[PDB]
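Below you'll find only one chain, the form solved without the ligand, shown as C-alpha coordinates.
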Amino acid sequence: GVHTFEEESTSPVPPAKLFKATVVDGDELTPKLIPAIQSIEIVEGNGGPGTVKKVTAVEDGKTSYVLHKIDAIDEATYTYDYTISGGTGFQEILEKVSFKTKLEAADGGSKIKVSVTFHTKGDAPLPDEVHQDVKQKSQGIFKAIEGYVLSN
(Lines of atoms letter the chains of each structure in order from A and count residues from 1; the text may use other names and numbers.)
(Lines give C-alpha, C1' and ligand atoms only; values in the text may rest on other atoms or scores of the structure.)
(Ligands and ions follow the chains in the order given, each with its own letter.)
Protein backbone atom coordinates (compact mmCIF):
# COMPACT_ATOMS: atom_id res chain seq x y z
CA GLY A 1 0.00 0.00 0.00
CA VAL A 2 1.19 3.53 -0.97
CA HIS A 3 -0.18 6.54 1.01
CA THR A 4 1.01 10.05 0.06
CA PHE A 5 0.85 13.49 1.78
CA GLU A 6 2.29 16.94 1.01
CA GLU A 7 3.17 19.80 3.42
CA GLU A 8 4.38 23.34 2.62
CA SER A 9 5.84 25.59 5.40
CA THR A 10 8.17 28.62 5.82
CA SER A 11 11.35 29.48 7.75
CA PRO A 12 13.03 32.83 8.49
CA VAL A 13 16.33 30.87 7.75
CA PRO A 14 17.59 31.31 4.16
CA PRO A 15 17.75 28.07 2.11
CA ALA A 16 21.55 27.57 1.84
CA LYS A 17 21.92 27.85 5.66
CA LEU A 18 18.82 25.71 6.34
CA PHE A 19 19.99 23.03 3.83
CA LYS A 20 23.53 22.93 5.34
CA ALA A 21 22.24 22.49 8.92
CA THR A 22 19.45 20.01 8.01
CA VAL A 23 21.15 17.82 5.40
CA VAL A 24 24.92 18.46 5.20
CA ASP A 25 25.33 18.71 9.04
CA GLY A 26 22.23 16.67 10.03
CA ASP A 27 24.32 13.60 10.99
CA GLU A 28 26.42 15.80 13.39
CA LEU A 29 23.58 18.00 14.79
CA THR A 30 20.74 15.42 15.26
CA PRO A 31 22.35 13.24 18.02
CA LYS A 32 23.56 16.47 19.74
CA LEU A 33 20.07 18.14 19.74
CA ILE A 34 17.62 15.17 20.13
CA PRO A 35 18.09 13.36 23.51
CA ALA A 36 16.54 10.05 22.17
CA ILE A 37 18.81 9.79 19.09
CA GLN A 38 22.19 8.27 20.21
CA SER A 39 24.13 8.17 16.91
CA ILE A 40 23.92 8.32 13.07
CA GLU A 41 26.67 6.30 11.29
CA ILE A 42 27.28 5.43 7.61
CA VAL A 43 26.70 1.65 6.99
CA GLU A 44 27.64 1.97 3.26
CA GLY A 45 28.37 4.65 0.61
CA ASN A 46 30.21 7.99 0.15
CA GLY A 47 27.42 10.38 1.42
CA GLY A 48 25.92 10.56 -2.13
CA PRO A 49 22.80 8.78 -3.51
CA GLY A 50 22.63 5.11 -2.32
CA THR A 51 24.36 5.87 1.04
CA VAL A 52 22.73 3.97 3.95
CA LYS A 53 22.98 5.33 7.53
CA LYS A 54 22.09 3.62 10.84
CA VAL A 55 20.24 5.91 13.36
CA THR A 56 20.45 4.54 16.92
CA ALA A 57 17.68 5.80 19.26
CA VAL A 58 17.15 4.98 22.96
CA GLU A 59 13.96 5.64 24.98
CA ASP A 60 12.86 4.17 28.38
CA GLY A 61 15.60 1.47 28.25
CA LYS A 62 14.60 0.48 24.70
CA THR A 63 17.21 0.71 21.89
CA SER A 64 16.05 0.83 18.24
CA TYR A 65 17.77 1.24 14.84
CA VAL A 66 16.15 2.79 11.78
CA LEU A 67 18.01 2.69 8.45
CA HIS A 68 18.14 5.85 6.31
CA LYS A 69 18.93 5.65 2.54
CA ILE A 70 19.77 8.76 0.40
CA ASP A 71 17.54 8.54 -2.74
CA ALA A 72 18.58 11.97 -4.19
CA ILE A 73 20.67 14.95 -3.04
CA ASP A 74 21.41 18.22 -4.89
CA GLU A 75 22.76 21.18 -2.86
CA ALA A 76 22.24 23.69 -5.72
CA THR A 77 18.40 23.17 -5.51
CA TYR A 78 18.23 22.25 -1.76
CA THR A 79 16.89 18.75 -2.82
CA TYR A 80 17.15 15.84 -0.31
CA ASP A 81 15.09 12.62 -0.83
CA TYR A 82 15.57 9.73 1.66
CA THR A 83 13.85 6.52 2.82
CA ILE A 84 13.44 5.34 6.51
CA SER A 85 13.02 1.63 7.34
CA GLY A 86 13.97 -0.89 10.07
CA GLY A 87 13.03 -0.46 13.74
CA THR A 88 11.64 -4.00 13.93
CA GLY A 89 8.89 -4.22 16.57
CA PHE A 90 8.47 -0.42 16.66
CA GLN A 91 5.58 0.37 14.22
CA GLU A 92 4.85 -2.94 12.48
CA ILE A 93 2.54 -1.83 9.61
CA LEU A 94 5.20 0.24 7.74
CA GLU A 95 7.61 -1.33 5.23
CA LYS A 96 9.27 2.04 4.62
CA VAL A 97 8.65 5.83 4.50
CA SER A 98 10.00 7.88 1.54
CA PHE A 99 10.56 11.66 1.96
CA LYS A 100 11.07 14.15 -0.90
CA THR A 101 12.26 17.52 0.49
CA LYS A 102 13.02 20.78 -1.35
CA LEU A 103 13.69 24.34 -0.08
CA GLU A 104 13.44 27.63 -2.00
CA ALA A 105 13.98 31.34 -1.21
CA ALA A 106 10.92 33.17 0.11
CA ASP A 107 11.08 36.78 1.45
CA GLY A 108 14.69 36.40 2.77
CA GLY A 109 13.93 32.98 4.36
CA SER A 110 12.84 29.54 3.06
CA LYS A 111 9.71 27.92 1.65
CA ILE A 112 9.92 24.22 2.66
CA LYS A 113 8.19 21.61 0.48
CA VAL A 114 7.90 18.04 1.82
CA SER A 115 6.33 15.07 0.06
CA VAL A 116 6.08 11.86 2.12
CA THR A 117 5.16 8.32 0.98
CA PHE A 118 4.18 5.63 3.53
CA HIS A 119 4.64 2.07 2.17
CA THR A 120 2.47 -0.47 4.01
CA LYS A 121 2.60 -4.30 4.13
CA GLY A 122 0.27 -5.88 1.57
CA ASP A 123 -2.39 -3.21 0.77
CA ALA A 124 -3.09 -2.24 4.44
CA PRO A 125 -4.27 1.37 4.94
CA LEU A 126 -2.18 3.86 6.99
CA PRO A 127 -3.21 4.04 10.69
CA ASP A 128 -3.74 7.64 12.04
CA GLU A 129 -1.37 7.06 15.03
CA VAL A 130 1.48 5.90 12.73
CA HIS A 131 1.11 8.85 10.33
CA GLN A 132 1.06 11.28 13.32
CA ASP A 133 4.06 9.63 15.03
CA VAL A 134 6.18 9.71 11.82
CA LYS A 135 5.08 13.30 11.00
CA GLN A 136 5.81 14.47 14.59
CA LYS A 137 9.34 12.94 14.58
CA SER A 138 10.43 14.25 11.18
CA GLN A 139 8.91 17.77 11.71
CA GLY A 140 10.33 17.72 15.27
CA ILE A 141 13.87 16.87 14.14
CA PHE A 142 13.84 19.47 11.29
CA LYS A 143 12.45 22.20 13.64
CA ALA A 144 14.96 21.33 16.39
CA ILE A 145 17.78 21.86 13.84
CA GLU A 146 15.98 24.97 12.48
CA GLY A 147 15.75 26.40 16.03
CA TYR A 148 19.42 25.54 16.66
CA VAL A 149 20.43 27.63 13.58
CA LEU A 150 18.31 30.58 14.86
CA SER A 151 19.90 30.25 18.38
CA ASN A 152 23.48 30.81 17.13
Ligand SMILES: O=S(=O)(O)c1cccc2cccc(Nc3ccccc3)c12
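In this text, rigid core is short for the largest set of C-alphas that superpose within 1.5 Å between two forms. Numbering follows the first chain given and starts at 1. First, how it differs from the form solved in complex with the ligand.
The one residue among 124, 67, 36, 105 whose Cα position changes by 2 Å or more between these two forms, with the core held fixed by superposition, is 124. Fitting the two forms on the rigid core leaves the C-alpha of residue 87 displaced by at least 2 angstroms between these two forms.
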Given for the second form:
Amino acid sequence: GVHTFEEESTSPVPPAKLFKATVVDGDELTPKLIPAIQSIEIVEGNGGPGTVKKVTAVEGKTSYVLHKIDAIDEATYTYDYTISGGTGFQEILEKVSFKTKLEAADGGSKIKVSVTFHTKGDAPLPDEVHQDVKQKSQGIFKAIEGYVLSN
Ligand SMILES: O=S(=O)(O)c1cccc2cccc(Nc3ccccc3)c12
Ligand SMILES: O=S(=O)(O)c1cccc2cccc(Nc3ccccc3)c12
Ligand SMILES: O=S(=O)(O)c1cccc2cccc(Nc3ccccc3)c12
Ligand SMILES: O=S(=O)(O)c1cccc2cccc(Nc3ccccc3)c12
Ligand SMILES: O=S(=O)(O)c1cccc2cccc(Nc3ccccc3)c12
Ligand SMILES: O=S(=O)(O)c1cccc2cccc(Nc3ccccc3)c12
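With the form solved without the ligand already on screen, would you show the form solved in complex with the ligand?
Shown next: the complete complex, the earlier chain at its head.
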Protein backbone atom coordinates (compact mmCIF):
# COMPACT_ATOMS: atom_id res chain seq x y z
CA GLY A 1 0.00 0.00 0.00
CA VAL A 2 1.09 3.63 -0.62
CA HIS A 3 -0.16 6.23 1.92
CA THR A 4 0.62 9.93 1.22
CA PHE A 5 0.05 12.77 3.72
CA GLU A 6 0.68 16.48 2.99
CA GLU A 7 0.78 19.07 5.81
CA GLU A 8 1.82 22.68 6.44
CA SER A 9 2.91 24.24 9.76
CA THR A 10 4.88 27.33 10.89
CA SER A 11 7.82 28.24 13.14
CA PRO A 12 8.93 31.60 14.59
CA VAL A 13 12.51 30.68 13.50
CA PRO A 14 13.41 32.16 10.05
CA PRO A 15 14.23 29.53 7.41
CA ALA A 16 18.03 29.94 6.86
CA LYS A 17 18.55 29.53 10.65
CA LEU A 18 15.94 26.71 10.97
CA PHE A 19 17.37 24.82 7.90
CA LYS A 20 20.94 25.11 9.24
CA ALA A 21 19.90 23.56 12.62
CA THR A 22 17.44 20.87 11.36
CA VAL A 23 19.26 19.72 8.18
CA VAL A 24 22.86 21.02 7.85
CA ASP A 25 23.69 20.43 11.60
CA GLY A 26 20.87 17.88 12.24
CA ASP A 27 23.24 14.85 12.41
CA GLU A 28 25.29 16.45 15.25
CA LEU A 29 22.37 18.21 17.08
CA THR A 30 19.78 15.40 17.09
CA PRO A 31 21.55 12.99 19.52
CA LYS A 32 22.53 15.98 21.76
CA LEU A 33 18.83 16.97 22.08
CA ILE A 34 16.90 13.61 22.00
CA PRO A 35 18.14 11.38 24.86
CA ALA A 36 16.86 8.15 23.16
CA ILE A 37 18.90 8.74 19.95
CA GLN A 38 22.46 7.45 20.62
CA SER A 39 24.08 8.15 17.25
CA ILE A 40 23.70 9.26 13.65
CA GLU A 41 26.52 7.69 11.61
CA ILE A 42 27.20 8.29 7.88
CA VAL A 43 27.42 4.77 6.27
CA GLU A 44 28.06 6.15 2.73
CA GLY A 45 28.62 9.61 1.22
CA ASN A 46 29.40 13.25 1.98
CA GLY A 47 26.02 14.69 3.20
CA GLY A 48 24.74 15.21 -0.41
CA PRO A 49 22.07 13.18 -2.32
CA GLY A 50 22.62 9.39 -1.99
CA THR A 51 24.16 9.75 1.55
CA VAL A 52 23.13 6.79 3.78
CA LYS A 53 22.98 7.19 7.56
CA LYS A 54 22.52 4.71 10.38
CA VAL A 55 20.40 6.08 13.25
CA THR A 56 20.79 4.16 16.55
CA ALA A 57 18.29 4.67 19.42
CA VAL A 58 17.36 3.12 22.79
CA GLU A 59 13.56 2.44 22.69
CA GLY A 60 17.16 -0.70 27.45
CA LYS A 61 16.86 -2.23 23.89
CA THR A 62 19.17 -0.61 21.25
CA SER A 63 17.92 -0.71 17.61
CA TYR A 64 18.63 1.19 14.37
CA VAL A 65 17.06 2.40 11.13
CA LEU A 66 18.71 3.61 7.89
CA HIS A 67 18.13 7.02 6.26
CA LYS A 68 18.93 7.95 2.65
CA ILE A 69 19.17 11.60 1.42
CA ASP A 70 16.98 11.90 -1.72
CA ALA A 71 17.49 15.68 -2.20
CA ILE A 72 19.14 18.52 -0.28
CA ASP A 73 19.34 22.21 -1.30
CA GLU A 74 20.28 25.09 1.05
CA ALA A 75 18.93 27.91 -1.20
CA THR A 76 15.41 26.35 -1.41
CA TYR A 77 15.48 24.99 2.22
CA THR A 78 14.77 21.53 0.71
CA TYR A 79 15.44 18.21 2.47
CA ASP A 80 13.96 14.95 1.12
CA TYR A 81 14.94 11.64 2.78
CA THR A 82 13.75 8.06 3.08
CA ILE A 83 13.72 5.94 6.27
CA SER A 84 13.98 2.17 5.56
CA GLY A 85 15.40 -1.01 7.09
CA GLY A 86 17.01 -1.83 10.40
CA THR A 87 15.94 -3.54 13.65
CA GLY A 88 14.18 -0.32 14.87
CA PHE A 89 11.84 -0.01 11.85
CA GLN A 90 8.13 -1.07 12.00
CA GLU A 91 7.75 -4.64 10.50
CA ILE A 92 4.68 -3.48 8.44
CA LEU A 93 6.70 -0.69 6.60
CA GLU A 94 8.90 -1.11 3.46
CA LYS A 95 9.94 2.56 3.78
CA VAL A 96 8.73 6.11 4.60
CA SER A 97 9.72 8.93 2.15
CA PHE A 98 9.72 12.51 3.44
CA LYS A 99 9.80 15.70 1.35
CA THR A 100 10.35 18.85 3.45
CA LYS A 101 10.63 22.50 2.43
CA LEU A 102 10.79 25.77 4.41
CA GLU A 103 9.96 29.28 3.17
CA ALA A 104 10.15 32.72 4.81
CA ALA A 105 6.80 33.76 6.46
CA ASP A 106 6.02 36.60 8.96
CA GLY A 107 9.63 36.82 10.37
CA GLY A 108 9.60 32.98 10.75
CA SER A 109 9.07 29.92 8.51
CA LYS A 110 6.26 28.02 6.76
CA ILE A 111 6.99 24.27 6.77
CA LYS A 112 5.60 22.11 3.92
CA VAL A 113 5.82 18.31 4.18
CA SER A 114 4.81 15.32 2.09
CA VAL A 115 5.16 11.91 3.79
CA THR A 116 4.67 8.68 1.81
CA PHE A 117 4.32 5.41 3.79
CA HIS A 118 4.91 2.18 1.79
CA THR A 119 3.38 -0.84 3.60
CA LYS A 120 3.77 -4.58 2.95
CA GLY A 121 0.53 -6.29 1.87
CA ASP A 122 -2.75 -4.45 1.04
CA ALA A 123 -4.16 -3.32 4.46
CA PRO A 124 -4.72 0.32 5.54
CA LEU A 125 -1.71 1.91 7.33
CA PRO A 126 -2.37 1.28 11.08
CA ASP A 127 -3.24 4.52 12.98
CA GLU A 128 -0.58 3.60 15.66
CA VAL A 129 2.21 3.47 12.99
CA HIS A 130 1.11 6.82 11.44
CA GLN A 131 0.94 8.38 14.97
CA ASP A 132 4.38 7.00 16.00
CA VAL A 133 6.20 8.21 12.81
CA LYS A 134 4.49 11.64 13.06
CA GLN A 135 5.40 11.95 16.79
CA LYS A 136 9.10 11.10 16.14
CA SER A 137 9.27 13.49 13.12
CA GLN A 138 7.64 16.33 15.09
CA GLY A 139 9.66 15.61 18.28
CA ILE A 140 13.07 15.86 16.57
CA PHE A 141 12.08 18.96 14.57
CA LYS A 142 10.53 20.77 17.58
CA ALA A 143 13.42 19.83 19.92
CA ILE A 144 15.85 21.45 17.40
CA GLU A 145 13.48 24.43 16.96
CA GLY A 146 13.41 24.92 20.78
CA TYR A 147 17.22 24.74 20.98
CA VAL A 148 17.55 27.50 18.30
CA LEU A 149 15.04 29.72 20.20
CA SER A 150 17.02 29.14 23.48
CA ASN A 151 20.29 30.30 21.74
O1 LIG B 1 27.43 -0.24 12.72
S2 LIG B 1 27.56 -1.63 12.40
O3 LIG B 1 27.55 -2.39 13.77
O4 LIG B 1 28.70 -2.07 11.65
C5 LIG B 1 26.10 -2.13 11.55
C6 LIG B 1 25.36 -3.12 12.13
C7 LIG B 1 24.17 -3.57 11.53
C8 LIG B 1 23.72 -3.00 10.39
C9 LIG B 1 24.44 -1.97 9.75
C10 LIG B 1 23.97 -1.38 8.55
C11 LIG B 1 24.66 -0.39 7.95
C12 LIG B 1 25.87 0.06 8.49
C13 LIG B 1 26.37 -0.45 9.65
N14 LIG B 1 27.59 -0.01 10.19
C15 LIG B 1 28.22 1.24 10.09
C16 LIG B 1 29.14 1.48 9.07
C17 LIG B 1 29.78 2.70 8.98
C18 LIG B 1 29.52 3.69 9.91
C19 LIG B 1 28.62 3.46 10.92
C20 LIG B 1 27.98 2.24 11.02
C21 LIG B 1 25.66 -1.51 10.33
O1 LIG C 1 30.14 -4.40 7.65
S2 LIG C 1 30.17 -2.99 7.91
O3 LIG C 1 31.42 -2.31 7.79
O4 LIG C 1 29.66 -2.75 9.37
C5 LIG C 1 29.00 -2.21 6.85
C6 LIG C 1 29.48 -1.21 6.04
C7 LIG C 1 28.62 -0.54 5.15
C8 LIG C 1 27.31 -0.89 5.07
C9 LIG C 1 26.78 -1.92 5.88
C10 LIG C 1 25.41 -2.27 5.78
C11 LIG C 1 24.89 -3.26 6.56
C12 LIG C 1 25.70 -3.94 7.48
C13 LIG C 1 27.03 -3.65 7.60
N14 LIG C 1 27.84 -4.32 8.54
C15 LIG C 1 27.63 -5.51 9.27
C16 LIG C 1 27.56 -5.46 10.65
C17 LIG C 1 27.38 -6.63 11.38
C18 LIG C 1 27.28 -7.84 10.75
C19 LIG C 1 27.36 -7.90 9.37
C20 LIG C 1 27.54 -6.74 8.63
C21 LIG C 1 27.62 -2.61 6.80
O1 LIG D 1 15.47 7.67 12.67
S2 LIG D 1 14.94 8.82 13.35
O3 LIG D 1 15.47 10.08 12.93
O4 LIG D 1 15.18 8.63 14.86
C5 LIG D 1 13.20 8.81 13.02
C6 LIG D 1 12.72 9.99 12.53
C7 LIG D 1 11.40 10.10 12.09
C8 LIG D 1 10.61 9.02 12.04
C9 LIG D 1 11.06 7.76 12.49
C10 LIG D 1 10.20 6.64 12.43
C11 LIG D 1 10.61 5.41 12.81
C12 LIG D 1 11.87 5.25 13.38
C13 LIG D 1 12.75 6.30 13.45
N14 LIG D 1 13.98 6.14 14.11
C15 LIG D 1 14.40 5.08 14.94
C16 LIG D 1 15.77 4.85 15.01
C17 LIG D 1 16.26 3.79 15.75
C18 LIG D 1 15.41 2.97 16.45
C19 LIG D 1 14.05 3.19 16.40
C20 LIG D 1 13.54 4.24 15.65
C21 LIG D 1 12.39 7.62 13.01
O1 LIG E 1 15.25 -5.65 4.89
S2 LIG E 1 14.82 -4.93 6.05
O3 LIG E 1 13.70 -5.42 6.78
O4 LIG E 1 14.52 -3.48 5.57
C5 LIG E 1 16.18 -4.85 7.17
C6 LIG E 1 15.93 -5.36 8.42
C7 LIG E 1 16.92 -5.37 9.41
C8 LIG E 1 18.15 -4.89 9.13
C9 LIG E 1 18.46 -4.36 7.86
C10 LIG E 1 19.76 -3.86 7.62
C11 LIG E 1 20.09 -3.33 6.42
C12 LIG E 1 19.14 -3.28 5.39
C13 LIG E 1 17.89 -3.76 5.56
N14 LIG E 1 16.99 -3.62 4.47
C15 LIG E 1 17.18 -2.60 3.49
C16 LIG E 1 17.77 -2.89 2.26
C17 LIG E 1 17.98 -1.88 1.33
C18 LIG E 1 17.63 -0.59 1.61
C19 LIG E 1 17.07 -0.28 2.83
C20 LIG E 1 16.86 -1.28 3.77
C21 LIG E 1 17.47 -4.32 6.83
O1 LIG F 1 3.65 16.73 11.49
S2 LIG F 1 3.95 18.01 10.96
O3 LIG F 1 3.47 19.14 11.70
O4 LIG F 1 3.42 18.05 9.55
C5 LIG F 1 5.70 18.20 10.87
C6 LIG F 1 6.16 19.31 11.52
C7 LIG F 1 7.52 19.60 11.57
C8 LIG F 1 8.40 18.78 10.98
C9 LIG F 1 7.99 17.62 10.29
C10 LIG F 1 8.97 16.80 9.67
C11 LIG F 1 8.62 15.67 9.01
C12 LIG F 1 7.26 15.32 8.91
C13 LIG F 1 6.28 16.08 9.48
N14 LIG F 1 4.92 15.70 9.32
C15 LIG F 1 4.36 14.42 9.23
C16 LIG F 1 3.12 14.24 8.62
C17 LIG F 1 2.56 12.97 8.52
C18 LIG F 1 3.24 11.87 9.01
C19 LIG F 1 4.47 12.05 9.61
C20 LIG F 1 5.03 13.31 9.73
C21 LIG F 1 6.60 17.28 10.21
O1 LIG G 1 12.41 9.22 23.08
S2 LIG G 1 11.61 8.09 22.37
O3 LIG G 1 10.29 8.56 22.06
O4 LIG G 1 11.71 6.92 23.17
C5 LIG G 1 12.40 7.79 20.80
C6 LIG G 1 12.83 6.51 20.58
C7 LIG G 1 13.43 6.15 19.36
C8 LIG G 1 13.54 7.04 18.35
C9 LIG G 1 13.08 8.36 18.51
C10 LIG G 1 13.17 9.27 17.43
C11 LIG G 1 12.70 10.53 17.54
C12 LIG G 1 12.14 10.97 18.75
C13 LIG G 1 12.03 10.14 19.81
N14 LIG G 1 11.50 10.63 21.01
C15 LIG G 1 10.45 11.53 21.19
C16 LIG G 1 10.43 12.30 22.34
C17 LIG G 1 9.38 13.18 22.57
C18 LIG G 1 8.37 13.31 21.64
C19 LIG G 1 8.39 12.56 20.49
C20 LIG G 1 9.43 11.67 20.25
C21 LIG G 1 12.48 8.77 19.75
